[PDB]
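*Asks:* The residues making up each chain are set out below.
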Amino acid sequence: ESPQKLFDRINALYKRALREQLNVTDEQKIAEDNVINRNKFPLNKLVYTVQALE
Amino acid sequence: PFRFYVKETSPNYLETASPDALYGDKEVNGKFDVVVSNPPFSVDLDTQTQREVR
Amino acid sequence: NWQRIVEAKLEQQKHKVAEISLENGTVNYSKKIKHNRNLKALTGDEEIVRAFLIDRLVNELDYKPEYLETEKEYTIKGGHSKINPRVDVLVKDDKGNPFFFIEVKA
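Just so you know, the sequences run in chain order A, B and C. For the first sequence, counting from 1, position 30 maps to 42 in our numbering; every step adds exactly one. For the second sequence, counting from 1, position 19 maps to 174 in our numbering; every step adds exactly one. For the third sequence, counting from 1, position 12 maps to -5 in our numbering; every step adds exactly one.
In isolation and in its complexed conformation, chain A is listed as follows:
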């Protein structure tokens, strides 16, 4: 499945993580925040990390 789908469905997990794990209250701070920069960390490395750690 397309790497963009993995990126989106992992960013959803991470945004939900900054509400009970790191308990960030500002909903605008929940947005504009991502797992990876998409430029420092290519998506293929994220896919490999998911494959290894799943």
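Incorrect hints may have been included.
Claimed, not checked - Calculated cross-link-like contacts (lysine to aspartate or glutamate; reagent style EDC-like; alpha-carbon spacing at most 16 Å):
hint : chain 1 : residue 1 : chain 2 : residue 2
1    : C       : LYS14     : B       : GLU163
2    : C       : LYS15     : C       : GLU54
3    : C       : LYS78     : B       : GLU170
4    : B       : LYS181    : B       : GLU163
5    : C       : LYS(-1)   : A       : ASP38
6    : C       : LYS17     : B       : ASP201
7    : C       : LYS23     : C       : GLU54
8    : C       : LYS15     : B       : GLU207
9    : C       : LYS78     : C       : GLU56
10   : C       : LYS55     : C       : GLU30
11   : C       : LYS14     : B       : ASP188
12   : C       : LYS(-3)   : A       : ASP38
13   : C       : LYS15     : A       : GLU39
14   : C       : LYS15     : B       : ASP188
15   : C       : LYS75     : C       : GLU56
16   : C       : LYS(-3)   : A       : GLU13
17   : C       : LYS17     : B       : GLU207
18   : C       : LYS75     : B       : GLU207
19   : C       : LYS14     : A       : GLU44
20   : C       : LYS(-1)   : A       : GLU13
21   : C       : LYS88     : C       : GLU49
22   : A       : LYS57     : A       : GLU13
23   : A       : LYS27     : A       : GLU13
24   : C       : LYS88     : C       : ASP28
25   : C       : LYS(-1)   : C       : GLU49
26   : C       : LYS17     : B       : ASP199
27   : B       : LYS181    : C       : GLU54
28   : B       : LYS162    : A       : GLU44
29   : B       : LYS162    : A       : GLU13
30   : C       : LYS47     : B       : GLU207
31   : C       : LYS47     : C       : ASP28
32   : C       : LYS15     : C       : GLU86
33   : C       : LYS(-3)   : A       : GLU32
34   : C       : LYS14     : A       : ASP38
These are calculated hints, taken from the structure and not from any lab test.
With the hints as your guide, set chains B and C onto chain A.
*Replies:* Just chains B and C now, kept in the frame of chain A:
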């Protein structure tokens, strides 16, 4: 301020506060047993973060 | 409709400080306020106008939400021994001095 630390759960010892006559009529969380830390050696606060802690 | 225009205006700003919906007990703040007496009551028209005050102060008027104060209790001689006349809302400064001593009614 002690009210700024909310976890999600019920036991949140680092949330309560109360004035103390012997200490500048300021907030005291007299609940922690021991304090171990390694504070930074040189804190140079912001011109606006300074005003919020006096 | 202005009773609903209040929340129409207060639910279109990015900086969420107060929430009004006129539904079942939808009233909360950022907790950056020094809230001491428990809200989530919606008893009367007082709460809606108080929330509009909070929105008008934190935004627009440019006051830090950490400086403000809501429903502050003080122990005075009192007409009634339990009421303890309570400051409806207040705007302090960085030194703790109350700048705006505001009482808000219906």
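*Asks:* Work down the list of hints and note, for each, if the structure agrees.
*Replies:* Here is how each hint holds up against the structure:
1. The suggested pairing of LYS14 (chain C) with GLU163 (chain B) holds, with an alpha-carbon distance near 13 Å, which does not exceed 16 Å.
2. Among the hinted pairs, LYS15 (chain C) with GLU54 (chain C) is consistent with the structure: their alpha-carbon atoms are about 14 Å apart, no more than 16 Å.
3. For the suggested pair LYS78 (chain C) and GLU170 (chain B), the alpha carbons sit about 22 Å apart, so the restraint of at most 16 Å is broken.
4. A distance of roughly 26 Å separates the Cα atoms of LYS181 (chain B) and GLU163 (chain B); the hinted pair therefore is violated under the 16 Å criterion.
5. Straight-line distance between C-alpha atoms of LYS(-1) (chain C) and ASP38 (chain A) comes to about 8 Å, which keeps the hinted pair within the 16 Å bound.
6. This hinted pair does not check out: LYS17 (chain C) and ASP201 (chain B) have alpha carbons roughly 23 Å apart, beyond 16 Å.
7. Straight-line distance between C-alpha atoms of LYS23 (chain C) and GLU54 (chain C) comes to about 13 Å, which keeps the hinted pair within the 16 Å bound.
8. With a C-alpha separation of about 12 Å, the suggested pair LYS15 (chain C) and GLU207 (chain B) falls inside the 16 Å cut-off, and the hint holds.
9. For the proposed pair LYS78 (chain C) and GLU56 (chain C), the alpha carbon gap of about 19 Å is over 16 Å, so the pair is violated.
10. With a CA separation close to 15 Å, the supplied pair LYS55 (chain C) and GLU30 (chain C) stays within the 16 Å bound.
11. Between the alpha carbons of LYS14 (chain C) and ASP188 (chain B) the distance comes to roughly 27 Å, so the proposed pair goes past 16 Å and is violated.
12. The suggested pairing of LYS(-3) (chain C) with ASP38 (chain A) holds, with an alpha-carbon distance near 10 Å, which does not exceed 16 Å.
13. For the hint pairing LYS15 (chain C) with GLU39 (chain A), the CA-to-CA distance comes to about 14 Å; that is within 16 Å, so the pair holds.
14. About 27 Å separates the Cα atoms of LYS15 (chain C) and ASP188 (chain B), which puts this hinted pair outside 16 Å; it is violated.
15. At most 16 Å may separate the alpha-carbon atoms for a hinted pair to count; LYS75 (chain C) and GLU56 (chain C) meet this at roughly 15 Å.
16. Restraint check for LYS(-3) (chain C) and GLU13 (chain A): the C-alpha separation of about 35 Å exceeds 16 Å, so the hint is violated.
17. For the suggested pair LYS17 (chain C) and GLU207 (chain B), the alpha carbons sit about 14 Å apart, so the restraint of at most 16 Å is met.
18. The straight-line distance between the Cα atoms of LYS75 (chain C) and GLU207 (chain B) is roughly 12 Å, inside the 16 Å bound, and the hint therefore holds.
19. This hinted pair does not check out: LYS14 (chain C) and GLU44 (chain A) have alpha carbons roughly 22 Å apart, beyond 16 Å.
20. A distance of roughly 37 Å separates the Cα atoms of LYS(-1) (chain C) and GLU13 (chain A); the hinted pair therefore is violated under the 16 Å criterion.
21. Proposed proximity of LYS88 (chain C) and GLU49 (chain C) is contradicted: the alpha carbons are some 23 Å apart, above 16 Å.
22. Distance check on the hinted pair: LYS57 (chain A) and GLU13 (chain A) sit about 15 Å apart at the alpha-carbon level, within 16 Å; holds.
23. With a C-alpha separation of about 21 Å, the suggested pair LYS27 (chain A) and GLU13 (chain A) falls outside the 16 Å cut-off, and the hint is violated.
24. Taking the CA atoms of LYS88 (chain C) and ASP28 (chain C), the gap is near 8 Å; set against the 16 Å cutoff, the hint holds.
25. For the given pair, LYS(-1) (chain C) sits about 14 Å from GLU49 (chain C) by alpha-carbon distance, which is consistent with the 16 Å threshold.
26. For the given pair, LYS17 (chain C) sits about 27 Å from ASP199 (chain B) by alpha-carbon distance, which is inconsistent with the 16 Å threshold.
27. For a cut-off of 16 Å, the pair hint linking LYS181 (chain B) to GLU54 (chain C) is broken: about 19 Å separates their Cα positions.
28. With a CA separation close to 23 Å, the supplied pair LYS162 (chain B) and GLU44 (chain A) exceeds the 16 Å bound.
29. A C-alpha spacing of about 36 Å is found between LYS162 (chain B) and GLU13 (chain A), which places the hinted pair above 16 Å, so the restraint is violated.
30. The straight-line distance between the Cα atoms of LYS47 (chain C) and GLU207 (chain B) is roughly 10 Å, inside the 16 Å bound, and the hint therefore holds.
31. Of the supplied pair hints, the one linking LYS47 (chain C) and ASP28 (chain C) is violated, its CA atoms being roughly 25 Å apart against a limit of 16 Å.
32. In summary, the hint linking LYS15 (chain C) to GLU86 (chain C) is not supported, as the alpha carbons are separated by about 20 Å, beyond the 16 Å threshold.
33. At roughly 22 Å between alpha-carbon atoms, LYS(-3) (chain C) and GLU32 (chain A) are farther apart than 16 Å, so this suggested pair is violated.
34. Distance restraint check for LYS14 (chain C) and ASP38 (chain A): the Cα-Cα separation of roughly 11 Å lies within the 16 Å cut-off, and the hinted pair is therefore satisfied.
Going down the numbered hints, you'll see the structure goes against 3, 4, 6, 9, 11, 14, 16, 19, 20, 21, 23, 26, 27, 28, 29, 31, 32 and 33, while the others check out.
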